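Here you get one chain, nothing else, as structure tokens; it is the form solved without ligand TMP.
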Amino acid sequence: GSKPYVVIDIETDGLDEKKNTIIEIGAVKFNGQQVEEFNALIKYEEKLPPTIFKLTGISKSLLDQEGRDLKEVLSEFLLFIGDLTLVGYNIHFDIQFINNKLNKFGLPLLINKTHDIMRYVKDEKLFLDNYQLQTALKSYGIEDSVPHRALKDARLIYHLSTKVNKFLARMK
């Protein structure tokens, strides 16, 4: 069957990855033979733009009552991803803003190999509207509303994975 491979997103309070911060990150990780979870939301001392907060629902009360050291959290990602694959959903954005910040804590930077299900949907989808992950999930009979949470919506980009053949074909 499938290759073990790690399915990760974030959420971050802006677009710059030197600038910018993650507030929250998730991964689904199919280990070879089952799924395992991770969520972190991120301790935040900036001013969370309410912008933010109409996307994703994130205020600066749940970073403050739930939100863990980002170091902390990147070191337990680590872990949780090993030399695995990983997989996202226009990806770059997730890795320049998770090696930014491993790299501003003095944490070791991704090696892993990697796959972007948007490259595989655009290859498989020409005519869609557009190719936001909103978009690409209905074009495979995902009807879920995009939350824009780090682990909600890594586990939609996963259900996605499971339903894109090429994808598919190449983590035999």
Given for the second form:
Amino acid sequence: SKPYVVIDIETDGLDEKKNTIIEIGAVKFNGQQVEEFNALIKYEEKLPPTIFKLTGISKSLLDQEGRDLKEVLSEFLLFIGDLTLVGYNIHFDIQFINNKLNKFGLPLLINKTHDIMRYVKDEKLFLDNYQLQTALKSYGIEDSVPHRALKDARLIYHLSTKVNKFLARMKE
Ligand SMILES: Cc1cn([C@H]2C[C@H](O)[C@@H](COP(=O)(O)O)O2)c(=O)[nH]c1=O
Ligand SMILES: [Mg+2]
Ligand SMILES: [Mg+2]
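Alt. form solved in complex with ligand TMP, vs. the form solved without ligand TMP above:
The complete assembly is shown below, putting the previous chain first.
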């Protein structure tokens, strides 16, 4: 019943400093209903075709639909406000987002956070592994993970509504 925002990003690599954000997505429960945020990011580098393999995102898509990262980050800060942020291995997203906020002279995140993966690890002890895809199956969600920011955030949000220990902490 408390508001929260599930966040997810896609990147061109794993290094918060040297790699960059190519898509941001978020699903906000504002206390009454759901709202959504999503932007692809303009990109001037060489996207490792392994990124194309994983996400389906190409240079052509970023050129055609991408938006300036600083502008998008400013809008993202307005969308989340000071609400609790939720994710799946959320430190990955926070490390990238804070690195780029700092780079552009924007405020950094000070939001409280909850990580659905932590709750899954404690509830589903016998999972083969703890990739998001594996966790979803364990809770009766058979969707394939597309590795697109808003689509993944929707799946994480759906998962959040099925993890009782998380819901108990967010109640009231
Ligand atoms: C799964 C995976 C992700 N990544 C990067 C690119 C993805 O956009 C970003 C976040 O992953 P994700 O699709 O699960 O949300 O991390 C890699 O560089 N190699 C990988 O094997
Ligand atoms: Mg992710
Ligand atoms: Mg993703």
